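Engineer: As a plain string of letters, each chain reads:
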Amino acid sequence: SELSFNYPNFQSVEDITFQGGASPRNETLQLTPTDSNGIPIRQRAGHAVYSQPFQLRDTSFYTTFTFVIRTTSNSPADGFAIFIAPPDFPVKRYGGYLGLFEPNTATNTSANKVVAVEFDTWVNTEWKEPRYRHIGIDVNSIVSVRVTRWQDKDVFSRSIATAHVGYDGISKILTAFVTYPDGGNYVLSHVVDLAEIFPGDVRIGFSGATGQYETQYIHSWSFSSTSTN
Amino acid sequence: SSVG
Ligand SMILES: *[C@H]1O[C@H](CO)[C@H](O)[C@H](O)[C@H]1NC(C)=O
Ligand SMILES: [Ca+2]
Ligand SMILES: [Ca+2]
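Chain order of the listed sequences is A and a. If you're matching positions, the first sequence starts at 1 in the authors' numbering and goes up one per residue. If you're matching positions, the second sequence starts at 101 in the authors' numbering and goes up one per residue.
Derived from the structure by calculation, the hints contain no laboratory data. Take these hints with a grain of salt, some might be off.
Claimed, not checked - A short, non-exhaustive set of chain A residues, derived as facing chain a with CB atoms under 10 angstroms:
1) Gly96
2) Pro103
3) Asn124
4) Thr125
5) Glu126
As the list claims (entries may be wrong) - The list that follows gives simulated cross-link-like pairs (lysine to any residue, SDA-like), each with its CA atoms no further than 25 angstroms apart:
6) A:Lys128 / a:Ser102
7) A:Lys172 / A:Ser110
8) A:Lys113 / A:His190
9) A:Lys128 / a:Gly104
10) A:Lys128 / a:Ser101
Backbone N, C-alpha and C fix where the C-beta goes; we use that ideal spot for every residue, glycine too.
Sequences are here, hints too, so could you generate the full structure?
Structural biologist: Below, the structure written as structure tokens:
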């Protein structure tokens, strides 16, 4: 279906739904909570989602957002993701599940219906991950199907980074480009038939999780989807 | 695991 929205900043959150630990703060989307002294709260997850559902049959889309990761230690956890899931998808487990999976089913592709681009700050021992911080494409599992090294210089930069995520509904390819101002650039693409996974309605949004010593903020977000016919 |  056709949907477009545009938040050049989050001085408005008019169409955003907040769930779990996520809230509007400092004219951003703050995905995980901080205490009264600004300290990241451990073992929490949050979602901030565009409230209106859309459909993916015979559709392409483009979305872009800017983000900051604030860390208070050399051992931050766990990161965040942009995701697509059905409209009733809730905030799931905190920690390495990224708010997107339940522990009992996190690597069982038949038991999930969620696609994400993850920004992973903590190498988990509990399932297969690369031994470095990474950006990945997740299809129905916390074990990414396509993963690339995320440089620690960029992780810890405190810069406002940009992500571009597109889906070509003809070739059935999901792509992410991630760019840092005067830092790294990252490119990942994967063939995945989203309309097969999601024959009905979906919502798009962000999920963050702790972990420890980390807060994730979305600074701007725009989206457009168009028919392929 | 880090859980707990
Ligand atoms: C366990 O805790 C670490 C932080 O100490 C990370 O949050 C990691 O993701 C956790 N493990 C799981 C499976 O969530
Ligand atoms: Ca990961
Ligand atoms: Ca991880």
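Engineer: Hints first: check each against the structure and report whether it holds.
Structural biologist: A quick look at each hint next to the structure:
1. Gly96: 8 angstroms, holds
2. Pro103: 8 angstroms, holds
3. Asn124: Where the cut-off is 10 angstroms and the nearest Cβ of chain a is about 8 angstroms from A:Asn124, the hint holds.
4. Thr125: 6 angstroms, holds
5. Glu126: 5 angstroms, holds
6. A:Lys128 / a:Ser102: 15 angstroms, holds
7. A:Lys172 / A:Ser110: 20 angstroms, holds
8. A:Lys113 / A:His190: 17 angstroms, holds
9. A:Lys128 / a:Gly104: 20 angstroms, holds
10. A:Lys128 / a:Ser101: 12 angstroms, holds
Against the hints set out earlier in the document, no violation occurs for any number.
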